[PDB]
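Participant: Just need the whole structure built from these sequences, with the hints factored in.
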Amino acid sequence: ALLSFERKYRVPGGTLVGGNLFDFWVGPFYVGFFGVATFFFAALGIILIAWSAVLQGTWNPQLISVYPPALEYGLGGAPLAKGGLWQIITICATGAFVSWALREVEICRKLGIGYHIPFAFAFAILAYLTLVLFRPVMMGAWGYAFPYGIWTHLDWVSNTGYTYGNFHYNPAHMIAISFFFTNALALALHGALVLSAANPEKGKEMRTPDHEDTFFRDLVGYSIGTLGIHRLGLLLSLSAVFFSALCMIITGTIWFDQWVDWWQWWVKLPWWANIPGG
Amino acid sequence: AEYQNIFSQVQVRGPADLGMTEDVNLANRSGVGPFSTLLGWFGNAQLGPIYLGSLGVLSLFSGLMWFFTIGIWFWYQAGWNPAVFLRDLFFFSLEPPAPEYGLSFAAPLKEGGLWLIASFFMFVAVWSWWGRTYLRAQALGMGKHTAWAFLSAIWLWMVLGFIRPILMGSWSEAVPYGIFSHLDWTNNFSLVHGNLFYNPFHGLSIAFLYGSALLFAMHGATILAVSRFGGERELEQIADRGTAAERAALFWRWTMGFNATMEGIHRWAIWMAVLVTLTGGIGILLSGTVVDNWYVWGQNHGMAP
Amino acid sequence: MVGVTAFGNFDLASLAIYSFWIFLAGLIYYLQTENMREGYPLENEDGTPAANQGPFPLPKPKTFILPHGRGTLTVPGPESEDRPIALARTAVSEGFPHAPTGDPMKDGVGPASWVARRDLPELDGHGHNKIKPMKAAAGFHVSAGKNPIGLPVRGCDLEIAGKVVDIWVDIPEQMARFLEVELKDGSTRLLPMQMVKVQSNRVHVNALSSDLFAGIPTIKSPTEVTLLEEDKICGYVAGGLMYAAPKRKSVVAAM
Ligand code: BCL
Ligand code: BCL
Ligand code: BCL
Ligand code: BCL
Ligand SMILES: CC[C@H]1c2cc3[nH]c4c(c3C)C(=O)[C@H](C(=O)OC)c4c3nc(cc4[nH]c(cc(n2)[C@@H]1C)c(C(C)=O)c4C)[C@@H](C)[C@@H]3CCC(=O)OC/C=C(\C)CCC[C@H](C)CCC[C@H](C)CCCC(C)C
Ligand SMILES: CC[C@H]1c2cc3[nH]c4c(c3C)C(=O)[C@H](C(=O)OC)c4c3nc(cc4[nH]c(cc(n2)[C@@H]1C)c(C(C)=O)c4C)[C@@H](C)[C@@H]3CCC(=O)OC/C=C(\C)CCC[C@H](C)CCC[C@H](C)CCCC(C)C
Ligand SMILES: [Fe+3]
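Residue numbers (full-length UniProt numbering), protein chains in the order written: chain A, 2 to 279; chain B, 2 to 306; chain C, 1 to 255.
Since the hints were made in silico from the structure, they are not lab data.
The reader is advised that the hints may include incorrect statements.
To be verified - With a straight-line cut-off of 27 Å between C-alpha atoms, the simulated DSS-like cross-links for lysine-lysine are:
(1) A:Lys203 with C:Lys60
(2) C:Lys106 with C:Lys197
(3) A:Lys205 with B:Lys145
(4) C:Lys135 with C:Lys232
(5) C:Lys60 with A:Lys205
(6) C:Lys62 with B:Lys145
(7) A:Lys203 with B:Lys145
(8) C:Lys62 with A:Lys203
Facilitator: Here it is in structure tokens:
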């Protein structure tokens, strides 16, 4: 089987593809349409990657990048060595990942489990494009996107952010921040919490959930419950990239310069402070 | 199917539960516990019980006293009254050393002196909570993974705020009390130190952040989708494993190549969240005491774009 | 100088990260693992000198002194199985799937699979049970929302799947779990809650049909459920979205 419980659950199901031909597991893994399709944009992925570095990129797969196209080439398809390889590598990227996603929809057909996990994954891809396609799209060229490098595309974040002054002064950014830290913390709490209900002291039994709700409610004043943390878990990370995607589509299209200023519509409003008393 | 995950649809009520509590109910019991309608759709309903313990109050004496010293401290640069206080708010802050100085309690109670005080009680407040998430745990049965967990969090606050800005000298450093400038800080903190982007700790910390992001999302998911066989009440499945525990197990196995247990996941969790701020403190305890410029390091070894 | 570095350029900071990094690799595979407490060891056979493969990072037993009653279950248990499982072959590779060999949902295989769970009323911190209708409760009230209980029940067919009579809510936690059904000519039958659309005048499902609602795991205990029971019925349903409609595991569209 490969596993104890494995066996029982291995039935020719899923197949969103056709009906087999590509319904088998190659080891622990599950080979399907999206299996070779993923291997598709992956192969050609690592196939191509290695190339733009083969040009006289350099050494240490840290400073070898693939800079996107140039900004006078604004929307067209550029040659190659001069940053066209981003177009070609990123087309396969999208295919590479989403297919990975669908690949999952299969897996969760014979187990006949939630459609959840996959759906969660997309909100994830969404960001990807808004940063690479969409933003660049509503702005001009496949140029207001990031290079593809380890220690390089970290220059895109500084330069672009700073562009605006103190991104920190961004509506959404700011938001996606709060959001990130919460769920950042939050898992550690349900995370550190469970182990504890299932592995107390060292000579004391294995407690009941009745204690989980009791234990926390008996902390801040509220304990939301099992399902809770798990729906919660969903939002928070989900939201992170949601309100996140939101600000970076507001800079350049919606906004000109100085992110702080934005916050000044509030500052110098007629009535000053708006609503003094008398 | 579904919709028994998010939305809920139905709602059951009645009596209210409450566990042992080795150490008294005196304080406990508390307030009525007025259920919440549309609160019970997304989560439970019951608001309360709630403790009102020993260490639980000082965090308030303190915590409160603190909040104030600030709001009272963003007076001098206010003139007073609502319009003003309602104009900025986000702008106000309570600025640390100025003539700089060092680790001297500085120039009087004035300058930077007040930072001094408010900051001191946040020490008290926050430390009094640990007493609670910690000792409060011995009364219900449960263990202190929690408390410990919350200890890495005290590290970051500790360092950047108290521990960190001293191994150097000058109190000048350290995070001011605000909403807008306390932002500013972070920004000119990296900026002084080349770029906190070449700092290995902050970076792995960012590495870790997304990892808790990756992992919480996924977790809530692999459980909301198995919740059909009650993939939740994990603690029970930790005891005697159900097909739900597996079904989930099996999914990422035939996808990534490896599966855990309805118990390791939460383990990978605590762990992820923790290593978070953890490295970020190590990375702070070291920024300014061993490196004034980080870019150098990178191109002083081999890494940089 | 730079009262930091150690040699002709060997900063204290350098090893700091090597310390962290490897010792990090530490946790992972070992401590942070423990992900082998279940589904381990793995399934091997009988042959020649040495068997062609198997693990060894495998930790130690972790005795769990259960909530109430006799509490002793070290996770690193033998486990395994070998209980009735009717899954035949298809090809020659240890990937090539295995097909049903009878009644799929009826058998105990595939997207409609139950484990071999302990036989006992889940739990309850104050000793009792959890899972229980309201015909037993006293004080519990289903507020104005959706009161089946005499409300219709259907599937893909269309109607008379049965009527209602109650709900199995979370006594110790506060929340609805199962729903009581009676096929008119079949008294007991409690579907999940996590798969049946509730509304007004209809309580549409999806998993099954009023054609399969008869032959679902039955509760031998009137007003009492045990772990084992939950999963069977629980797998039963979920398994309609593939086994039910004969052609539900197949295609949809092309490419
Ligand atoms: C000086 C520079 C600025 C700045 C400029 C920017 C800019 C510019 C950006 C951010 C962005 C972000 N910033 Mg900022 N930022 C600053 C300071 C901060 C601070 C802080 C403590 O001060 C914080 C907490 C943050 C936090 C954040 C995040 C909320 C956000 C990116 C997260 C995200 O959605 O990733 C999501 C990641 C993805 C969606 C990646 C998806 C890729 C696909 C899906 C995966 C592919 C599969 C893989 C290849 C296969 C793996 C194979 C394996 C090898 C086996 N910033 C400073 C002040 N910040 C970004 C953002 O979202 O904009 C707001 C952004 O563009
Ligand atoms: C780490 C790098 C920088 C830094 C970078 C940033 C960046 C970047 C940002 C902030 C921002 C914030 N920072 Mg900061 N920040 C630093 C250090 C600190 C320190 C500290 C240890 O001294 C503190 C206290 C804060 C605090 C804060 C928050 C006030 C604020 C965002 C709120 C939030 O989501 O918090 C945590 C919030 C939660 C976890 C949500 C739940 C917590 C609340 C209290 C619960 C509400 C429940 C409700 C009241 C019911 C209560 C009922 C009963 C009373 C129980 N920062 C350091 C110096 N900080 C953000 C901002 O824009 O704020 C305006 C922002 O963008
Ligand atoms: C929105 C803001 C920016 C952005 C801002 C940043 C910043 C800022 C940083 C990165 C870093 C990373 N970015 Mg980026 N990044 C963006 C979009 C992307 C996209 C994409 C397709 O959209 C991809 C694929 C990546 C991918 C990556 C990773 C290669 C790398 C660390 C990932 C990580 O820790 O999480 C994945 C984590 C896991 C899967 C779990 C990790 C498990 C444990 C913690 C690791 C144990 C040991 C391990 C082997 C050591 C790894 C050390 C490496 C430094 C990570 N980025 C956007 C455009 N990115 C970081 C980096 O390289 O730091 C030096 C970094 O500092
Ligand atoms: C331009 C500025 C720099 C920068 C400067 C810094 C600095 C400076 C720091 C970080 C730190 C962090 N950075 Mg940064 N960072 C940048 C860009 C990024 C990017 C990105 C993709 O570009 C990312 C992903 C990150 C990500 C991160 C996080 C991993 C980390 C968060 C620490 C923290 O909040 O501690 C959380 C600590 C706590 C929550 C302590 C708890 C406090 C107590 C318990 C709460 C009491 C308050 C009260 C009770 C709450 C009620 C409400 C109150 C009114 C507030 N940064 C840019 C390049 N970053 C921090 C870090 O880890 O340091 C190494 C840090 O110090
Ligand atoms: C909000 C949702 C959160 C989330 C969820 C999530 N991620 C997911 C899933 C889910 C539920 C999956 O099911 C899937 C999975 O299998 O998880 C185990 C996955 C996954 N999330 C991943 C990454 C990931 N998730 C991220 C974030 C998040 N994921 C969110 C926090 C990030 C971020 C923010 O940085 C990253 C990097 C993958 C590890 C994994 C599945 C991706 C994958 O394996 O892609 C398949 C592609 C190949 C195998 C080969 C493609 C090669 C390319 C052609 C080349 C690309 C080159 C690249 C541009 C280089 C970049 C520079 C670097 C070298 C430095
Ligand atoms: C990996 C470590 C993560 C972590 C873990 C963690 N934090 C912890 C814990 C744990 C395990 C606790 O046990 C403790 C807790 O109770 O959490 C539920 C805590 C906690 N983490 C908190 C916050 C917090 N954690 C954060 C981060 C993190 N916490 C990390 C991500 C952050 C940030 C900046 O990112 C914040 C903001 C607290 C809510 C809580 C308790 C610790 C604390 O902050 O100290 C107690 C504070 C007081 C007693 C101050 C009293 C409040 C004053 C009355 C404010 C004045 C009025 C107020 C401004 C108006 C609003 C009033 C409303 C509250 C009604
Ligand atoms: Fe969980």
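Participant: Now, for every hint given, state plainly whether the structure supports it.
Facilitator: Each hint tested on the structure:
For a cut-off of 27 Å, the pair hint linking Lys203 (chain A) to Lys60 (chain C) stands: about 16 Å separates their Cα positions. A hinted pair counts as satisfied when its Cα atoms are at most 27 Å apart, and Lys106 (chain C) with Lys197 (chain C) qualifies at roughly 24 Å. For the suggested pair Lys205 (chain A) and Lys145 (chain B), the alpha carbons sit about 14 Å apart, so the restraint of at most 27 Å is met. With a C-alpha separation of about 24 Å, the suggested pairing of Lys135 (chain C) with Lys232 (chain C) holds against the 27 Å cut-off.
About 19 Å separates the Cα atoms of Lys60 (chain C) and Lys205 (chain A), which keeps this hinted pair within 27 Å; it holds. With a C-alpha separation of about 19 Å, the suggested pairing of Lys62 (chain C) with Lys145 (chain B) holds against the 27 Å cut-off. Taking the CA atoms of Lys203 (chain A) and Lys145 (chain B), the gap is about 13 Å. The hint holds against a cut of 27 Å. Taking the CA atoms of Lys62 (chain C) and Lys203 (chain A), the gap is about 11 Å. The hint holds against a cut of 27 Å.
Taken one by one, the earlier hints all hold for this structure without exception.
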